[PDB]
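First comes one chain, alone, set out as structure tokens in the form deposited without the named molecule.
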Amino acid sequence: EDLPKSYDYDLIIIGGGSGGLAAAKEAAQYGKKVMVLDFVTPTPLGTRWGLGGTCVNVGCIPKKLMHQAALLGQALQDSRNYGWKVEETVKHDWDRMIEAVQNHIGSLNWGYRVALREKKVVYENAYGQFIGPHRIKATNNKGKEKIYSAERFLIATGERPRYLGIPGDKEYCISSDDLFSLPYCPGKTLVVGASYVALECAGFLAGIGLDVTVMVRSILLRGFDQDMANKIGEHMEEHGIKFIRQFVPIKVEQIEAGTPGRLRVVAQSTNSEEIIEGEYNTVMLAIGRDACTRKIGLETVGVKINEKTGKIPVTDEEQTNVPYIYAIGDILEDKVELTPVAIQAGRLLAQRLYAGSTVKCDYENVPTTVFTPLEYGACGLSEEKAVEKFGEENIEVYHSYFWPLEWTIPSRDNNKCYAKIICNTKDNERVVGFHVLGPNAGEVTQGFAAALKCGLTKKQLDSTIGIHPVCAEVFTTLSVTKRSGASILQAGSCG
């Protein structure tokens, strides 16, 4: 008959990324028979990778590493003043770096196949595709299909880089997916977009010494506190990066082919019809990502999505409309598209289903950090979001600048690092927003996100003793509010 007389697996996970792998290891922790299906369809230029998902292969890991490469460039300079006989300028080798990064990714691709073998989880490098109730069709690289069945199924396909849909892009343009393993030094680069992906990349490329440009449609970091967003943009421009606002490419043409080659980019203003063209060695598109929820047949099984975004609507328990088909990660509708989230969601969904746990995943006040030349960490509401939700008259914003002690001997960048908190007057001056721009922003923001899960208030904050001498201690003594209007710009080394 139709339905399978029995189920091959208690559960099948479609997608071997951050969420799917954490969920597989968890379910299998309680014995259950599980199988993960992971296949990475190539990018237009043929680039592909191993197991582990977006963040491990073409996301967090490679990006933070390259960020560290740029930070080390700054460290090489900063050392001379602390008495280290460094050359004035040191050269950087693109290939050496890419190889080192690919070597770490490679070790992780491997670490994950082992962990799956460890928990006795069936890993299959095939493309999963629903065909009917409790039935799926896997297709390996060679083309050998096979159907499976499982009591339950978990969608965790994540997303992929989105293209412009203009002439010349899919052929001469690279996405973040290609950058992290590019066979040659990029050279003159034009970054298209203003997402954190765009600025983080534009940022470290400039850090290792490349001529980087960024073409922005409208704003910067759409969805983040704008006051902070611009402090970041301002900093990048201050540190070399060139910006082109209110513009968008309409066509790309190859001048010469090469490793790298040379390209011409024609672009048109956002409103006016003014058009300009520039010449670049490499053009990257960081204009957004798209859920892999279409070409995998959900209709044959019933799961309903959002006909326009591709996002999957689920219950706070991650379940979709069909009682045996759950979903997590980026593809989710109105959630948090971050690795730790997908992972928290995955580990919990498995405990409810097989451990008895009844704990739900909290999507409230999740902290985040953007790794731009000057790191930015945040948690909670932004300023603009605070006034809107609580009324301008109950929102007190406490801020201050700060100068990392480590930057005084190299004597650089004073009054750049900025800190601020949004407080709700009508709620015991509860801290509803946390923002920091500076060194190790993430290390700083983590503990404060926990404080926020404990409903931290201004009084409690003021009562905490800072650690000296450390950047983070600035948050323990903020006394100047934006409302009062007092100056927060500090004096330089000479007074």
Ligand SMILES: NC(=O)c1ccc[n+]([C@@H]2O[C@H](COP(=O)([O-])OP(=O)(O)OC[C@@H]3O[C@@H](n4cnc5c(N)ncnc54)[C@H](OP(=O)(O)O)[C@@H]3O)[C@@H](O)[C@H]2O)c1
The other form holds:
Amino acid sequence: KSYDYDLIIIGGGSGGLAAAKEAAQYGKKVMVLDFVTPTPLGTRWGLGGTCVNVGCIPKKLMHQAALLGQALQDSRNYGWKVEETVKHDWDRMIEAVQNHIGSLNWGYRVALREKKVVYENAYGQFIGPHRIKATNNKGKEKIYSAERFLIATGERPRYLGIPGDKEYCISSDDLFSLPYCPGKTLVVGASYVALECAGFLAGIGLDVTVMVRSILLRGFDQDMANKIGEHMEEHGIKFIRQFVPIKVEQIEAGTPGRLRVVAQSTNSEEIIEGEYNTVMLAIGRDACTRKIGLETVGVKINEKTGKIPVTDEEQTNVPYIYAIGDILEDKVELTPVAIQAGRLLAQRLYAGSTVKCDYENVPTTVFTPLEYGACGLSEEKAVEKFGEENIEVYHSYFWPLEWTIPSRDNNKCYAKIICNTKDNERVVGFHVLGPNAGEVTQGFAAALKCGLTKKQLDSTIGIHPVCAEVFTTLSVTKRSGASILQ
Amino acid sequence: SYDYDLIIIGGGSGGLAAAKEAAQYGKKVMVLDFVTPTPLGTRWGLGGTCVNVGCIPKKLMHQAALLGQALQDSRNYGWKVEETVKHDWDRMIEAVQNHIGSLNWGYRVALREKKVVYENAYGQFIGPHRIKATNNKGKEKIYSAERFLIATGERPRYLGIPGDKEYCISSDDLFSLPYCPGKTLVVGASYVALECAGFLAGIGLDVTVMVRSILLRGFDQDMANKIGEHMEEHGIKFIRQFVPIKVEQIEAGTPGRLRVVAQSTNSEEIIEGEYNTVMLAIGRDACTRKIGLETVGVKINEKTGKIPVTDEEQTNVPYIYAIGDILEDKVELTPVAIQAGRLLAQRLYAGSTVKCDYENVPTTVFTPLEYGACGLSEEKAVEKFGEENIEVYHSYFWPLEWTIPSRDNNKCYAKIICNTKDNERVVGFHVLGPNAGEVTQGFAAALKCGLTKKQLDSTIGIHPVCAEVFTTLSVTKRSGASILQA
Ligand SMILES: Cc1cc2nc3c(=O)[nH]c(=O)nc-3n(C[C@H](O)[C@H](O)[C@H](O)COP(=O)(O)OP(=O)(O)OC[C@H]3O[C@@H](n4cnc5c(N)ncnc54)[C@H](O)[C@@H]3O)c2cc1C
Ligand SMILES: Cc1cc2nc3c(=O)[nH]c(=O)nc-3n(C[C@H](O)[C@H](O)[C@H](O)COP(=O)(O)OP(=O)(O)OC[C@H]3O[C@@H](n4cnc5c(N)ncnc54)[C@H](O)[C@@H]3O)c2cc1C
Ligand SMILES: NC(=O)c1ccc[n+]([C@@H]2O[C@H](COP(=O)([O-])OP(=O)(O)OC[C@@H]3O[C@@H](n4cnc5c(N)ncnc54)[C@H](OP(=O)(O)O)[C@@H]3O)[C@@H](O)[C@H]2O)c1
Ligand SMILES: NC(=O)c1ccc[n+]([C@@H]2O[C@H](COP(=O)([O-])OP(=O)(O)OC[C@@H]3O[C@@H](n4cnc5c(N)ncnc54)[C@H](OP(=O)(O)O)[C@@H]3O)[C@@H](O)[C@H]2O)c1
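Can you switch from the form deposited without the named molecule and show the form deposited with the named molecule bound instead?
Every component of the complex follows; first up is the chain already shown.
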């Protein structure tokens, strides 16, 4: 065994870098490859991956801006001398956000440089067994070999295929660094990315509209999804139901130009047009598994979804090649899990760890104007598994004390758990719509990993006055009809 | 036979919870709540200590300090909000109060709706099953009940020095001061002392804290010190090992001018200085003395004032029970008072065999940098399982939100305590950071489930949320590895 690297990692994102750092921690000579292919409009960025640059970080930060705005309103009723002269500066904001992104890029680049991990800013490509072609930025190609390979390329934003979409529209990739303020914009899609973005754009004071093909947050508990939508609507975000863009024309040009979106319902022959300054398409992402020469090494992938089938140890059909993160099939497209898989994989390969990555009950939270945290089965899925008559739902509204003197949004925040009667009222589903949803959810996710039961939950004393406490004493069920409108 | 099935003395957190519950079972119940005036005349409405002069007003004002800080942040996120904004003490108070007012009344409607008699009179035992109810204007009345529940809670304790009752204020007076405290001195180092000093400071005032010995006695001292350091780092001045010997009125007025003179606990040193207000946050004394416990023969720890009770909150006298703060060797917290109250009722009038679990009751101090905790402290962990059997995995974290406002890095801290002799059981949870309570709640449930370090690691964290830091704790204090490089 005398290859170039002990392990070559393709992709320097959440998983890639986590894997790289672990392995290195054990001496294994590792090399990471990372290359960012520009968006149809020319956007590109530094080391880090989706989240670090065009995902979570920028997303959460801007969501904080919208939140801070709302705080400026609350400060008044608390005795702070602030007016409504609260006007936003999109550039000044983006300027801060991007600058922070700069730092992360350099931080990440330095963690490796100091961990004895080689970093090459080149596009990887398998050419043959244990062999990979590394095309650099200026076309210069180079060839490396390694005992093992880790595929962690992640995904990129998808398109509609309609006319003008790639020429006049923007994706999550372009959004977080737009040189100009989006202005009145339309958001096509209803995934968390779609809603999160629409929400903070709106929260930042813009005119936002959301075009929905079918339902909201397909995949999550629909009851929650609707409440999230209602809050958004109740606040100004406009929704267009069951429609999809068919064309996009540049009525006028200029930083935020004038776009002429045309679209048509599904169920009907109806067709409508509208105008906007920006059009952000948030209709999902496609794995970057096609153009990497998986053939030259013989790695099977779900030719349809682009996803890579993998053993419960993140191993592909090819024994020396593994896959981690979003590109994986029937797993969970989340940054924290990508890092676990990455780090545990390394531990198993170079430390005799027999620990496997647990993709069950992975907690999650959507950062819409009204944050939604969750962990475990959704309501519909809970019945679809244990039988409608074996699960009881305990729900209740709650009021963030921080909201009483500002005097707003009562009976809006909602919480609910899902228990399986045939198993000691096991808490199999956890949902909360309210401020700091994530902070509230984390701990409970740990509780589920411990088999939290309704009895144990009740026996836990809540903390006063903290939102979360609403979860320690819930007795009104859905199968009792009891009205919880207080 | 008797006038009532159950007469409850004290209409606070426990009292009302007990009343409302017990009533739910067609029991003829009555609540007696009387607020004896403060040394300076301050009084308030139904609800107990938490509603009027406790949690609620405390948390709310703490939110005012927070909102102020947010006004600062907004600027770096693209909000045109001039640095330096004035705060209105009077405005804020008027708002808090109105909220408490709304509450007082609310609870009033709660009891009556559930057919619970409420009498605004001071209760007093006069003989077996007999109680004297002295009303506001001296008119006394006498009632009898099959059972009695003592839930009188406590009240602020004074030093005993000259001028303390005539020129100083307590938590009781603070939340409704008709004038802005101005430069003030806070005597004490309990959570009440620190919380108040903190928000007063956060509201823009000159605050000083006089400490007799250590900070937050009873709490993990490592945490306590970090909390103090943050406070000091922000302007709150501390005077170590000194106790007020006497306070004199240099002047009078709304914001008055008092002189304080205190002496060392170490040496003979004696010191003094001008202060507009002087708050004495040095603990509370149970209201168990002046209620005629003799006439019915209920034994109490004559020294502490607390009331010894069985594991069902039953006193030595079979028809008399006690709940809440006045209890001995338990936890003085609103949420527990309500559990004891609600479960006691369920046991007495619903055949419930469930007992109140005072073990691992989660808690969180609302200092400028919130501190949440649950379980054994570090020092106590060793004092129980032996220093070599406990692991301390810790780490600093920096809330995403402080990245662009670029402030307070390497300040937020988290740590768990595991017992090696028991699968690295998580026996102690601590977190210093924003929204400490929201983060802690869930974990407290996890402990009730026996959370183990292995289970914790197997839990996937939510990104980018503060709480997540706990899902990957790897650096232990013993493996004396610096973590102060974040
Ligand atoms: C708008 C948005 C918001 C999100 N918000 C959250 C959130 O709040 N929380 C959360 O947990 N997750 C969030 N995610 C998802 C998160 O970003 C992904 O789960 C995570 O990045 C996946 O890890 P990965 O390792 O697969 O890397 P990326 O997905 O980090 O993939 C690796 C990188 O390598 C590049 N690459 C691909 N092929 C090659 C090659 N051949 N050579 C070199 N480089 C290559 C990729 O284009 C990319 O830059 C969000 C995603 C988006 C789009
Ligand atoms: C500054 C401060 C901050 C606090 N912050 C928090 C916090 O964040 N979270 C938390 O959980 N707890 C907090 N607490 C404590 C919490 O409020 C108490 O633990 C809780 O109120 C105790 O419950 P209780 O039932 O004993 O009622 P109170 O202690 O609510 O007692 C009930 C009532 O009975 C009255 N009474 C007394 N004697 C008689 C009599 N003879 N006849 C009739 N009525 C009588 C009292 O005056 C009072 O109105 C705080 C306390 C203080 C002082
Ligand atoms: N769907 C699930 O149950 C589920 C659960 C967990 C993980 N996943 C992962 O998510 C993948 C699905 O693709 P994805 O990640 O790119 O997106 P996504 O997160 O599944 O879905 C985003 C949503 O995309 C919209 N959308 C997709 N194509 C569209 C189009 N052509 N026009 C308009 N709207 C469109 C959806 O419309 P609709 O309202 O019509 O859906 C909806 O708004 C799966 O293959 C899997 O890897 C799916
Ligand atoms: N030793 C005890 O205090 C004690 C004994 C038995 C039971 N308990 C339990 O603890 C609960 C809380 O006790 P608590 O209400 O007395 O106060 P506390 O909340 O325990 O403590 C407040 C803190 O009070 C300070 N303090 C107390 N007396 C003071 C004085 N004369 N001058 C200056 N500072 C003073 C303490 O200093 P120091 O840190 O120097 O004390 C410290 O700042 C009780 O209700 C009971 O359940 C406490």
